[PDB]
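Following the hints, complete the assembly by docking chain C onto the known chain A.
Number of protein chains: 2
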Amino acid sequence: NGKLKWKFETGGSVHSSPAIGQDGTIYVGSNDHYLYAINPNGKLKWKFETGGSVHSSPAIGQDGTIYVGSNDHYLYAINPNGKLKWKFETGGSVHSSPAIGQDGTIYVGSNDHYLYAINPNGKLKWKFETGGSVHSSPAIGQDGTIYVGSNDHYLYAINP
Amino acid sequence: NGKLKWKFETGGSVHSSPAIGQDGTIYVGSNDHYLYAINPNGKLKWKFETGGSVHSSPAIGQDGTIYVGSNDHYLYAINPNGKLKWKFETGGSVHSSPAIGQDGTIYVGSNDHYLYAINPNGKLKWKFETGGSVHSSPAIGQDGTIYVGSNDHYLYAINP
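Line by line, the protein sequences are chains A and C. Note that the authors' numbering has the first sequence beginning at 1, numbered continuously upward. Note that the authors' numbering has the second sequence beginning at 1, numbered continuously upward.
This is chain A alone, in the form it adopts within the complex:
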């Protein structure tokens, strides 16, 4: 009906877009450098501290892993219990929101002008160099093509 259910106060602006897990958990980043996990009733499950503002929006893997980028140049992979799985350091701020492929590959852009393809274990698959910062979030076609925009005015289409 448009009536407020609840509101959860974070330490800074919430520009990240919330993701909903399989168990109804809500994951969202905040300007206060934290990735929040909130129960459906409005109470905090846990919060993970990164080095910088978390403007990227979280993605949830098939195994429940939460993937999100941060202003500290890292792409974070966090287990549903709030413990860190691995973190991949890029060359610039990761404001792009990660996308997960059919084989589990994590795609995300970074301020370092690169689009990163990362294995689920945390190892680099490949990185494509664009002309400018990649703040757009990648999309994956049915054939596996990765589409993402870049600051160099181009929308890219890249093989798996």
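Treat the hints as calculated values from the structure; they're not laboratory data. Misleading hints may appear alongside valid ones.
Each pair may be met inside one copy or between any two copies, as identical chains are not told apart.
Claimed, not checked - In silico DSS-like links for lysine-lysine, alpha-carbon gap of 30 angstroms or less:
1) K123 / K43
2) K5 / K85
3) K125 / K83
4) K5 / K125
5) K47 / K85
6) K43 / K7
7) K123 / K87
8) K43 / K85
9) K43 / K5
10) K127 / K5
11) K3 / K83
12) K45 / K85
13) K125 / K45
14) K123 / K5
15) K45 / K127
16) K45 / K7
17) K83 / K5
18) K127 / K7
For chain C alone, coordinates are given in the frame of chain A:
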């Protein structure tokens, strides 16, 4: 394997995130005030000119309608052929990316501090006022709850 298929040149930075239609068409906005529809082979299907930069990420309805916001304060609804279905004016720039409810309701935030709920026909269902600009893109829970963040440091949960 990370190889370039093609790159479509827009007139400005591409911070919007691409959306993929049922037929494979790729939709993305650009800083040049245009919303682009591109065939999977890299050729331009059509483009729609808005009043300001299209940083919002487009969403695709069940009937094929493409919804996207623009810097000109409008939320646009465009037919799959590139013609305007309707446009809804908010108080400020619409950088939030729209979400589509189970009943067809389109939810999106705006710079004017409001989260908008708009019927598929283009009329206002309701608008929820937050304490700051809503650049976060809303998510829709299993029970219809709409989750979105705001500039006022809060993550909002709002009933349908």
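We went through each hint and held it up to the structure:
1. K123 / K43: neither (34 angstroms within a copy, 34 angstroms between copies)
2. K5 / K85: neither (32 angstroms within a copy, 32 angstroms between copies)
3. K125 / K83: Only inside one copy: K125 and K83 sit 24 angstroms apart there, 40 angstroms across copies, limit 30 angstroms.
4. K5 / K125: For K5 and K125, only the inter-copy Cα distance (17 angstroms) is at most 30 angstroms; the intra-copy one is 42 angstroms.
5. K47 / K85: Classified as within: same-chain Cα gap 14 angstroms, cross-chain 42 angstroms, threshold 30 angstroms.
6. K43 / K7: within (10 angstroms within a copy, 45 angstroms between copies)
7. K123 / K87: within (10 angstroms within a copy, 45 angstroms between copies)
8. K43 / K85: within (24 angstroms within a copy, 40 angstroms between copies)
9. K43 / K5: within (12 angstroms within a copy, 46 angstroms between copies)
10. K127 / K5: Between copies only: 14 angstroms across chains, 42 angstroms inside a chain, cut-off 30 angstroms.
11. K3 / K83: neither (34 angstroms within a copy, 34 angstroms between copies)
12. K45 / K85: Close inside one copy (17 angstroms), not across copies (42 angstroms); limit 30 angstroms.
13. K125 / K45: neither (32 angstroms within a copy, 32 angstroms between copies)
14. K123 / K5: For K123 and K5, the Cα distance is within 30 angstroms only across copies (23 angstroms; inside one copy 41 angstroms).
15. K45 / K127: between (34 angstroms within a copy, 29 angstroms between copies)
16. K45 / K7: within (15 angstroms within a copy, 42 angstroms between copies)
17. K83 / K5: within (28 angstroms within a copy, 37 angstroms between copies)
18. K127 / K7: Result: close only across copies, 16 angstroms inter versus 38 angstroms intra.
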